[PDB]
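4 protein chains.
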Amino acid sequence: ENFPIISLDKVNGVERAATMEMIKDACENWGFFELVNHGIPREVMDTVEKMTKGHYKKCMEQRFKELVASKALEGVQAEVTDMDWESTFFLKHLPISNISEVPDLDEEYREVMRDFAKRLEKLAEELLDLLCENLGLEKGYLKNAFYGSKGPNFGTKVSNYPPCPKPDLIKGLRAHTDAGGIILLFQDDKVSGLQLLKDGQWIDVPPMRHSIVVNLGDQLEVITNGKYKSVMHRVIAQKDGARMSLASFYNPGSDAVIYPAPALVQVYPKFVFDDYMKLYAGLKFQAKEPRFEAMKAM
Amino acid sequence: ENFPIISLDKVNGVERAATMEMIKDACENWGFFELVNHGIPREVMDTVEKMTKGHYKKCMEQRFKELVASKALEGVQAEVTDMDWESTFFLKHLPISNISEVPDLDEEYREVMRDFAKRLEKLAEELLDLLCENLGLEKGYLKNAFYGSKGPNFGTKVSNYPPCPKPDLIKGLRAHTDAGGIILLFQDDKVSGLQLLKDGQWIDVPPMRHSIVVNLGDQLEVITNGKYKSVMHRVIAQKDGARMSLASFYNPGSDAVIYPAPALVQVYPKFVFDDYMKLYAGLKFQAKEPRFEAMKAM
Amino acid sequence: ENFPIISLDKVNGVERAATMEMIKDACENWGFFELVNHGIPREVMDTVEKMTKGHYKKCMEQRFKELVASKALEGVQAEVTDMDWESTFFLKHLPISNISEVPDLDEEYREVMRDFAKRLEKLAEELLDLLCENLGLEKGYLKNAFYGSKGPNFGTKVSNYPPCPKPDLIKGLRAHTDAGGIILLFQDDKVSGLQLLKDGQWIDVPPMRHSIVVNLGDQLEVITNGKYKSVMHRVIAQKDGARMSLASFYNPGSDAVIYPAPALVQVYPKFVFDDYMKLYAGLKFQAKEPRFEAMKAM
Amino acid sequence: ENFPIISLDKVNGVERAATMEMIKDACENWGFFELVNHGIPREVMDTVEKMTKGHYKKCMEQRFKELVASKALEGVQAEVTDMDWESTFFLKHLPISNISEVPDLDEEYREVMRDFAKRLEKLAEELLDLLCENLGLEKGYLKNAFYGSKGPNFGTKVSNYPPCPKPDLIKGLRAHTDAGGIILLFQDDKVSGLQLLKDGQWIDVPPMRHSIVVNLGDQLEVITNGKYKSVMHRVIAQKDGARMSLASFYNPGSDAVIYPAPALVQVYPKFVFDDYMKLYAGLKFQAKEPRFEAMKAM
Ligand SMILES: [Fe+2]
Ligand SMILES: [Fe+2]
Ligand SMILES: [Fe+2]
Ligand SMILES: [Fe+2]
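Protein chains in written order, with the UniProt record's numbering: chain G, 2 to 266, 275 to 307; chain V, 2 to 266, 275 to 307; chain R, 2 to 266, 275 to 307; chain H, 2 to 266, 275 to 307.
Since the hints were derived computationally from the structure, they do not count as laboratory data.
Hints may be right or wrong, so weigh each one.
If the Cβ cut is set under 10 Å, some of the chain R residues that face chain G in the computed set are [stated by the list, open to error]:
1) 18
2) 19
3) 61
4) 67
5) 69
6) 75
7) 83
8) 167
9) 169
10) 238
Each computed DMTMM-like pair below joins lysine to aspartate or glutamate, with the alpha-carbon atoms no more than 20 Å apart [to be verified]:
11) 297(V) / 75(R)
12) 305(G) / 283(V)
13) 158(H) / 83(V)
14) 72(G) / 67(V)
15) 199(R) / 112(H)
16) 240(H) / 85(V)
17) 279(R) / 190(H)
18) 293(H) / 75(R)
19) 72(G) / 83(R)
20) 158(G) / 83(R)
21) 72(G) / 283(V)
22) 167(V) / 302(H)
23) 305(H) / 284(R)
24) 228(R) / 139(R)
25) 72(H) / 298(R)
Here a beta-carbon is modelled for each residue, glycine too, at the ideal position from N, C-alpha and C.
Chain G on its own, in the form it takes in the complex:
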C-alpha cells in the first residue's frame, strides 16, 4: 500500500531477501521505486546539481539580453515576466558519448557528466541483474537482450523549469508510459512533482533527498510477458520545489530484437526496438499501403 522506498545497500547484507522482495513487489505492482543508499556519492550528486544550475543561470542571463534586444526591435519593452524559464538539453553516453561536442558547457562540467553517466550505467545494470534474479533469469540476460549489435542506447535529458502556474492547468493533461527500457531520475530539492497512476488514481512519489527514482518502460513489460507492467505517470513542477531534472534512459540498442523471454512464458510480440520507436515517432504510415492495412485491422 505504501510507495516503495528502497535502501539499495541492504542487498549487501542480512536484509537482502526483504529488499529483493520490495524490488519484486514494486516491479509487479507499482512499476516504480525510489532508491536511497544506491551508491552514487552525495558529493557527486551535489556537484551535478550546482553545476547544472550554474549553467542554467548563465543561459537564462543570456536569454534575457536577447529578449530585451528582439523585443526592442518591435518597439516593445521586454519584462522579466516575458521570460521563458524552461531549458532542456540531452547528452548521449552509449554507444557513443556526444558529451564532448554539445555546445556551451564548461570542461569541468563535461567531466562531471561523464563520471556521473558511468556511475548510473553501472547502477542500471545492477538493477537489471537484480530484476533478472527476481525473475528467474540468468545474470546479464537483460543487458544482453538490450545489447543489439553496437550496444544499448543510454542518455540523460537535463531539464530546468519554473513551477506550474496553477494545478487546474494540468487538469486535462494526458499521461504516458515510457517506451524504453529502465529510467533513473535524479532531481533537486525534496518534492518531485512526479505522480503515478495506480488503480485509477494519482499517487505522489514521496519526497527524499539524494534519491534516484526508477521506473520500467514498455520494453521491460514485453520481455517479462507482462509480468512487470510499465506504468503511467506525469511530472508537474511544484511551487514547493524540484526545479531541475536529470532523466537518464537505458534503452535497448536500435537494432536489438525485443521479445518475451521463452522461460517467462497472451504472448507479447517480438520486434526490433527501432520499429517500436518508428511507430512512436509517426514514421510507419507516411505511405498508403501501411495505412490501408491499419484501417482494415480496426
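Based on the hints, put chains V, R and H with the ligands in the right spot on chain G.
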C-alpha cells in the same frame, strides 16, 4: 501513352463520349489529368495570380526589414541571399470559411479568394459526378459519401517559392500519394515542375496556360475498391517558372464514413475519414496498447 | 516615505486637495502610484480576469498537445515540465482597434476587452488632466500634445506567466524606464512582483485588490522639462501570486511632436515621438554617416 | 570606367607599379576589386566548394525529412516547394578558432576550412600592406591598428541559397556598406549577383572563376580619413548561378581603437571598434539619458 490533357467544355457537345473516355482512362491509368476549358474565366485566374503575387511581394519586403534588423542584433549584415523566399498559408472554405479572419489580406483579396473558391467547389463536384458516371454510380454519390454530417472539408494552400537550387538536391527525396479526396492545382507560368510516377518512372506534367491539374487521393481509391488508384508524385520548383501554387483540397468531412461502394465490388477497408488522418498525423499510437497490437501485426 | 496608494474617488470630495497633493508628490518623487476607487467596476475587472485566464488555459492545453506531438517526432517523451507557460499578446485600441481581428478570442471576450479599453482610456485622460492641474497647465494639454494627427497610440499587452524559478536568477537583470506616455497596469491576485528603484534601492509595489498601477514614461518627463521623472522598474513573477498582467499604454501619436511645455521652463529636447522609438528599436544607425556622427559625439 | 580586375601575382614582377595603381584606384574610386592570381590554389578552392556543397546537400536532405514529419503533424502534405533552401553558418578563426566545435561537419571538412582560413588571413594582411604602401604608411600599420589587445576578429560566413524568385522582388531593397575592416568573398560558379552603387547606379561585379572579391569597410574609411570610402552594395542570387558564398571578415579586434592615421590628415572620429558595433546592434540606447542626448543632437 500521352499524359491526359482534357478540354472539359467538350462534355457539352458531340465529343463528350471521347472526353469521358479520356477522363476514365486518366482515372484508371494515370491518377492525374490536366484540365483546360474548365469554365473558370482567364480573367479570374489572372486576378488571383496578380493579387497573390502582390501579397507575396509585400510579405517579402516586410520579411527583409525584419531580417536586417534581427541580424544587426547579432552584429551581422543581412544580405538578400539570406532571404527565405518560401511563403505559404491556408484558407478554409467548407464547412466554415475562415477567409475573413486570416491575417494580412486586402479585402479586395478575400473576395477574390471567395468567389474563386466557390467556382472550384462547383468544378470539383462536377468532376466527381462525371467520375460517378464513368463508374456506373448515381449522380451525387461521391459528394454524398464525402458529406459526413457538417459537410466536406475544402481548402486551398497558397504557396510562393524560389527555384530549387539544383536538381540533384531532389535526387533522394521521397514522394507521396495524397490522403484526401480530389485535388485541383492552380499554378502560374507554363512549367509546373510537378511529376508523377508511372510504371516506375517520372513523367512531367505538360506545361499549359490557365490549366487546372486534377488528381485523385487515397479516399477515392478506397471508394472505387482500387479501380482508381491514387498515384505518387512530387513538385519541384523550376528555374523555368511556376513560382506560385494554389492547391485546393476537396476531402471527405471529418466524421464521414469511407468504404468501397457496394456496386463497385481484396475488399478495401471501411473507416471514418478522421481516423485515417489520425493515423497519418501520428496520433494513433501515443499509447502502449495500440503499439503492442501493431508489432504483433508485423 | 510610503509608496503612494491613492483613492481616486476622493477627488470628487472634501478631500480632493490632499489627494491631488499625493498625486503631485508621486509624480515628482516616485514616478508611480497605485490607484484604488478609480471607477472601473470590480465586476468588470473580475470578468476581464476570468476570461483572460480561460483563454490562457485553452492556449496551454493546445500547446501541450503540440509539444507532445513534436517531441514524439524526435523519439522523445514530452513532460509537463517541458512546458512553456509564458503567453503574451497585444490588442490595439487607438487610433484603430484591431481587437476584432486578433486570432482565437471568443466574441464575448473581444467585447469585454473593448469596453475595458474604453474605460481605461477615459481613466488615462482624466489622470492626464489632473496632472495638468497640478502642473499649472490647461485642461487637455497633454491629451492634445499626445494627439499628433490621427491620435494617441493606445494598446494593452496581455501576459500570463509562471513564477520565477528562483530570485537570484533575477540578481543580474537590467531594469528600465518606459519610453512612452502613461502606463496603467492591471494584475490579478494580491502581490504584483513589480519593483521600482528609489534612491538606489528596490521598493515593492504594495499588494492591493482591484488596483491599477500607474507610472509615467520618458515622454511625460520631456514635456515637464524633468519635473516628473520616469522611473526605473522591473516586474518579477512571484510564487506568492500575480500570474497575469494587462499593461495598457497611452502613448503620443507616432507623428506627434514632443517638447517641454514653454510654461514649464537644461531644456529637454524637441522631436517627433516616432524618431524616439526608432532610436529605440535600433533603426537610426543602419547607415554609416549617422554612425560616424555618433562616434564623434562620444 | 571598368570594374577593377586585378592579377595579384603581377606585384612580383615588372608590372607591379601598374597593378599597385589599379589597387590604389579601386580603393579610391570603387571600394571594391576582384582578385585573380591571388595565390590560393585552384585545388583548394575547388575542395572548399565540393565539401561545402556536400554538407549543404546533407543538411537539405535532413531538413526535408523533418518538414515532412512536422507537416504530417498538422494533417498536411509537405511538398518540395515548401522547402527552405537557405542555409548559413559561421566559423571563427581569430583570435580563437571555433572551427573544431561547430556542429555537424566532417573532420575532413574542418581541416580544409582551417587551412583555407589561414591562407585568406595571409592574403588579407598582404592586401593591407599593399594598401599601406599606396597610402604612404608603414608596413604593418593597419594590421597593427586592427590588433587591439588579443588580435583582429576574423571569420567566414558560409551561405547556400536558391535564386531570387524574380528581380522586381529586390526592387525596393535597402543596401549597405560593411561595418568592418576588409572583406574577401569567395563564391562558386561564374555570376556573383553582387552589385555596387557607383555614382548613383548599380554595377555588376564581373563574372570570373576562382576569383576573390575584396571590399573595404567603414573602419578603413575612418583610418584613411575618408580617402578610401566604404561603398554600398548588395548581393542577389541569380538564376544564372552562384548558389554558394564564403564571406570572410578581417575586422579590428573588439577593444581596438580606430581613428584617422595622423599622417593621412573634416577629421573622422576616434573610438573603440566595439562601441561602433554596439551602436550598430542597437545596444547604445536601451537607456533614457543616451536617448535624450541623441534627440537634442537632431
Ligand atoms: Fe515519463
Ligand atoms: Fe501532393
Ligand atoms: Fe516597464
Ligand atoms: Fe555586405
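How the hints compare with the structure:
The beta carbon of residue 18(R) is not positioned within 10 Å of any beta carbon in chain G (closest approach about 35 Å), and the interface hint is therefore violated. Against a cut-off of 10 Å between C-beta atoms, the interface hint on residue 19(R) is violated, since the closest Cβ of chain G lies about 33 Å away. Annotation: interface hint on residue 61(R) holds; nearest CB of chain G at approximately 6 Å, less than 10 Å. Annotation: residue 67(R) was flagged as interfacial toward chain G, and the flag is violated, the nearest CB pair being 12 Å apart, outside 10 Å.
Look at residue 69(R): its Cβ gets to within about 7 Å of chain G, closer than 10 Å, so that hint holds up. The criterion of a C-beta within 10 Å of any C-beta in chain G is met by residue 75(R), whose closest approach is roughly 7 Å, and the hint holds. With its C-beta approaching chain G no nearer than about 6 Å, residue 83(R) sits inside the 10 Å limit, and its interface hint holds. Proximity of residue 167(R) to chain G holds as hinted, the smallest CB-CB distance being about 7 Å (cut-off 10 Å).
Look at residue 169(R): its Cβ gets to within about 8 Å of chain G, closer than 10 Å, so that hint holds up. Because the closest C-beta pair between residue 238(R) and chain G is about 5 Å apart, less than 10 Å, the hint holds. Of the pairs offered as hints, the one joining residue 297(V) and residue 75(R) holds, with about 18 Å between alpha carbons and a cut-off of 20 Å not exceeded. Only pairs whose Cα atoms come within 20 Å are accepted, and residue 305(G) paired with residue 283(V) is accepted, the gap being roughly 15 Å.
Taking the CA atoms of residue 158(H) and residue 83(V), the gap is about 11 Å. The hint holds against a cut of 20 Å. Straight-line distance between C-alpha atoms of residue 72(G) and residue 67(V) comes to about 12 Å, which keeps the hinted pair within the 20 Å bound. For a cut-off of 20 Å, the pair hint linking residue 199(R) to residue 112(H) is broken: about 56 Å separates their Cα positions. Distance restraint check for residue 240(H) and residue 85(V): the Cα-Cα separation of roughly 16 Å lies within the 20 Å cut-off, and the hinted pair is therefore satisfied.
The straight-line distance between the Cα atoms of residue 279(R) and residue 190(H) is roughly 53 Å, outside the 20 Å bound, and the hint therefore fails. The straight-line distance between the Cα atoms of residue 293(H) and residue 75(R) is roughly 41 Å, outside the 20 Å bound, and the hint therefore fails. Proximity of residue 72(G) to residue 83(R) is assessed by CA-CA distance (about 24 Å); at most 20 Å being required, the pair is judged violated. Note on residue 158(G) and residue 83(R): the hinted pairing holds, with a Cα-Cα distance of about 11 Å set against a maximum of 20 Å.
Using a Cα cut-off of 20 Å, the hinted pair residue 72(G) and residue 283(V) is violated, with the two alpha carbons roughly 40 Å apart. Restraint check for residue 167(V) and residue 302(H): the C-alpha separation of about 52 Å exceeds 20 Å, so the hint is violated. A hinted pair counts as satisfied when its Cα atoms are at most 20 Å apart, and residue 305(H) with residue 284(R) qualifies at roughly 12 Å. Distance hint between residue 228(R) and residue 139(R) is fulfilled; the C-alpha atoms sit about 17 Å from each other, no more than 20 Å.
The suggested pairing of residue 72(H) with residue 298(R) is violated, with an alpha-carbon distance near 46 Å, which exceeds 20 Å.
In terms of the numbered hints stated before, the structure departs from hints 1, 2, 4, 15, 17, 18, 19, 21, 22 and 25, listed from lowest to highest.
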